[PDB]
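Contents: one structure, followed by commentary.
Only one protein chain is missing; all other protein chains are in place.
The letters A, B and C name the chains in turn, as written, and every chain counts its residues from 1.
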Amino acid sequence: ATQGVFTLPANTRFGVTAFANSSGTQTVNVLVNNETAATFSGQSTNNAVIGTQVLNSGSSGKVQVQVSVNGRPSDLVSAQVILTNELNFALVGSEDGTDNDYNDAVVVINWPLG
Amino acid sequence: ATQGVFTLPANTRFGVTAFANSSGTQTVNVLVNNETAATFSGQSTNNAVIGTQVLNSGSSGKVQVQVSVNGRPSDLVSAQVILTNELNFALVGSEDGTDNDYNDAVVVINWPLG
Amino acid sequence: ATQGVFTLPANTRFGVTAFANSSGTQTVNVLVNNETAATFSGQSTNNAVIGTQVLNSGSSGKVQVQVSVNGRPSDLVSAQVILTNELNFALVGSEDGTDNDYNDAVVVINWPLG
Partner (left out) sequence: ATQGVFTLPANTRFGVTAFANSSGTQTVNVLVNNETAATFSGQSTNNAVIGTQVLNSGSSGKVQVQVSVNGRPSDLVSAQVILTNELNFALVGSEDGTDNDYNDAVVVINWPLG
């Protein structure tokens, strides 16, 4: 199934934050309505916050996360969770190798903000 | 129901990261085996990262997140989500006021690292 | 924070299923737009499906689960999960006593159907 794609509330600010846990340099791309809106990169095996940004979900609300290492797309796993019918997290894990820890880049999207 | 309390695997490193979305200064305290292991403070209405750290869950694996604003305990919501039977997120929202957006401090705990 | 309340898409069929795990007879009420739309009762300590029903979320999409044991409301915990940006689960646990297993009545709401 498709992973890393989320329908957010339209026209709404959200946070997107990426963590790295791999020997490989991660590159995380965040697309809003199919166009790159943010790119984060770094290399850490200790959960460094390689990027954090506030974006607007735009007219369609479509947000997609893509991860690559040295130009190779990582395999993604994702889900969205909603607490108290209001607080949202869209969660992404990714695997760049063979150990299947799925933490090589971890991406958390949160809304609402403010 | 109790919120913000998670049982991690014993002796395991985990990330903890806090974001703020409120007029009030947030104080986030992270307890491991009932003792304070990290404390973050800050104020933002734009999802600023007010702290990030790597901790070890110790022999008990018990991790607790508490949030207060000017000494007043915030009401918490929480859950844990596991993707592909491997990647764990323990998620906390908190409310310091009347609007019930539950994002006043948002805390993300993730493991495994590395 | 409020628990057991979910906003579904309007005029949408959903499934609701209740399980019991307690010495006490569980009564599960499912409200749509603040009116009872399904009720299930029973006693099991082995996860009996005390009822399952297909309901329509109607014009408001407001669905609320309430649980009681001989008139006494149980304490609720809930969340919603979305898989592949499409498949929705609204989850409820409840506690009727002191052990905090929160499985005394468990309720799962799922959509879309068909």
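In this section, contacts are C-beta pairs under 8 Å (C-beta built on N, C-alpha and C of every residue); 3 or more make two chains touch, one makes a residue touch a chain.
Colleague: In the full complex, which of A:48, A:49, A:54 or A:77 touches the chain missing from this view?
Modeller: That would be A:77, which touches the missing chain.
Colleague: Can you work out which residue in B:83, B:106, B:108 or B:113 touches the chain that's missing from view?
Modeller: Going through B:83, B:106, B:108 or B:113 one by one, B:83 is the residue touching the chain not shown.
Colleague: Which parts of chain A face the unshown chain closely enough to count as touching?
Modeller: 1-3, 75-77, 79, 81, 95, 100, 102
Colleague: Which parts of chain C face the unshown chain closely enough to count as touching?
Modeller: Spelled out for chain C, the touching residues are 13, 15, 17, 19, 21, 45-47, 49, 52, 54, 77-79, 81, 83-84, 86-87, 89, 91, 93, 100-103, 106, 108, 110, 112-114.
Colleague: Of the residues in chain B, which ones touch the absent chain?
Modeller: Touching the missing chain: residues 1-3, 5-7, 78-85.
The working rule: only the chains that are shown with their structure count from here on.
Colleague: Suppose each chain is reduced to the average of its Cα coordinates; what separation in Å results between chain A and chain B?
Modeller: It comes to 19 Å between the two C-alpha centres.
Colleague: Taking the mean of the CA coordinates per chain, how far is chain B from chain C in Å?
Modeller: 27
Colleague: Go ahead and note the Å separation of the Cα centroids belonging to chain A and chain C.
Modeller: Distance between chain centres, rounded to whole Å: 31 Å.
Colleague: Taking each residue of chain C in turn, which ones touch at least two of the other chains?
Modeller: Residue numbers touching two or more other chains: 1-3, 79, 81.
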